[PDB]
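Before any questions on binding or motion, here is one chain by itself as structure tokens, the form solved without the partner chain.
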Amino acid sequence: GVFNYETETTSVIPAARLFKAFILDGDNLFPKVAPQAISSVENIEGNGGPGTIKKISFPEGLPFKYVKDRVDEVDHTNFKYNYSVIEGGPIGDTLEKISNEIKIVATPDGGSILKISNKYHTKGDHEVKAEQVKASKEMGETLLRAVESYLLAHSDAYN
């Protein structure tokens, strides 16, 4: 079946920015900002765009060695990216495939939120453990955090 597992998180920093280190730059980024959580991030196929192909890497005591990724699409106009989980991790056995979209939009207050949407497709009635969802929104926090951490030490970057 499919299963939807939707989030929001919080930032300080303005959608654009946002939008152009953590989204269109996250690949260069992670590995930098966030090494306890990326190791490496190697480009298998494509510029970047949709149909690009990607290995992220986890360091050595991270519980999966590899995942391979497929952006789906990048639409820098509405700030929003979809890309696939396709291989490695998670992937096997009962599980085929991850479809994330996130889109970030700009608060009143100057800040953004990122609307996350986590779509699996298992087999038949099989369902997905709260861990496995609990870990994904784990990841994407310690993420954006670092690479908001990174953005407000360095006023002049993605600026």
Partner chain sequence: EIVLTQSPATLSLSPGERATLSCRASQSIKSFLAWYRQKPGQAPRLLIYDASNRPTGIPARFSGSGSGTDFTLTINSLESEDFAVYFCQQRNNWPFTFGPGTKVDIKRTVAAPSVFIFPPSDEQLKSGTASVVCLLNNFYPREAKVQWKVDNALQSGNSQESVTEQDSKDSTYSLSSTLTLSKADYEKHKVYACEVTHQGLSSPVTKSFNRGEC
Given for the second form:
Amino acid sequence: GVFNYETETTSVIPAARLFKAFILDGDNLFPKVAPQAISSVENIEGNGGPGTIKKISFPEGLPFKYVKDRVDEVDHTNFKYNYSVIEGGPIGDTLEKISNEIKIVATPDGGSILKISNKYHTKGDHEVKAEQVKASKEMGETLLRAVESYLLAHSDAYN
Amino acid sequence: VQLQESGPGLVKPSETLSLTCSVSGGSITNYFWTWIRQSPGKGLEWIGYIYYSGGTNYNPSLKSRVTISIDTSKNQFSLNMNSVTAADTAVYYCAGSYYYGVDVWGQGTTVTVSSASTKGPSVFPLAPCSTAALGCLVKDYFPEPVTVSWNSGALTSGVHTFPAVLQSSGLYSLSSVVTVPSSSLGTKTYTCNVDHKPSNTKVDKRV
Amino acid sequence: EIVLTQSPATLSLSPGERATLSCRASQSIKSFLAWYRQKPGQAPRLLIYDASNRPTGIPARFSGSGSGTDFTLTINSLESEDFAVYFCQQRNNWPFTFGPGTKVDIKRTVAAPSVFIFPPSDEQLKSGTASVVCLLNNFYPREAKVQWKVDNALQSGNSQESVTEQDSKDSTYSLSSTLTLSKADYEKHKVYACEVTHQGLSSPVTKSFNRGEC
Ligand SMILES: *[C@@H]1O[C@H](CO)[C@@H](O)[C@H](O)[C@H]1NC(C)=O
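Could the form deposited with the partner chain bound be given as well, to go with the form solved without the partner chain?
Then the entire complex follows, led off by the chain already shown.
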């Protein structure tokens, strides 16, 4: 079964400057700004763009060791990034995949908005405990504010 | 960016520690708002930090009894540690952190966990009978700290305010001194300002 | 939690020398080490972040290096104002943890103390207790011997001392010895002296007063 999740938040960073850092160069930043959450983001197969398979390795002590994601779309113009979690972590018998779309839109006051949609494809008709959803919301908040804090500490970075 | 602590300096055992920090000179969005304490036994200890989005992160040794809250509208964030014991007596720093470390700090507020009540100090003048020294003796107070300034902060050069010494009575005691020229003794006025916030005591003593 | 070890606990260097502090982590913190300075009575100030980089405003005479489990902080051309305790902090795994701190004391030539004595105030004698204070101002080294004498009696167990931290400018110490008595004991003697034996004094120096003459 498919179970749909949505969440919206804001950042003080402009949409373009945030998309360049939080999405395009997120492989570099996430182990650098939030090492307590992500140890490394290995790019197993691909050219960054669609079809790419990243290996996000986690520090030992977190509930999961790693996950492997697949890049589905990188919209450099409208600031969209749809990717799918396909292996590792919560994925297995009771969950097929987690498809995620992140869009960043600019706000008039110079900031930005993050629309975050989660699409959980459960095998059969199993439920999804909030612990997995709560872990994803906390993970998104942690990485967003870490890159945000990095972009505030270095006003030069990413133009 | 400015941070000012405000909270009780005396908390009785098993009751709840409560501290609040006011952010000014900068937006509530800038930092990871952080609580750090410093005790002689345990050194520098990370209590936790909160984003302006509400996401908290607590030290496992204290996550059992620590909640950190933020109110972005009043530009404030708070610390609440309940069931406090003597192992929680420390100087507590509210601070703002970037991803790389603590960038700006508060003044630090000294919390003493004790079963005892507050006693304000007794302030007595220290005076003699080319260089000359004057002083004040801040005696018999609890808990810590007290702050001493001379002539409403105008006299700063040559000031020595000593570490407080625990007397056998169980109360603290310290003295503050300053050296001046002997020539300006009869001309200029000298006054020490002793502030003991836990007892809500301010004593301007003239020498 | 990751446990940080700092070596040495204390080092004493003259101004102008190079200070080399060390930090060791029980596990690998890749490059996520920070160095803080805490001058006495103040909140710590960050000096090095992510083990080699330098936040804006920190002078170029501070630098850090290292990776994995061993990092070092280096201070070129020490100032007397550099007297403080320096801590290292890892941010690799929550909880972020500090080191026990390395205290940098500033070497100085010997300096003789200035000895002052203070009678008990009239306002205090009405309390029923007497505190006669002795001040040793702006001396070095730290060690000194305050001997209390009433009518040439060597006092014991009725006096406490407090010592300031090392001064940021001239790297000197200051000491106060407070001789606490009762009002009755104070009134039954006349001569109160403070004898100071210090390394900067060719011979011990005494300051005193007479009880009835103040
Ligand atoms: C993102 O891609 C997945 C395919 O993995 C798709 O099911 C989902 O509808 C897409 N979301 C959006 C917002 O286009």
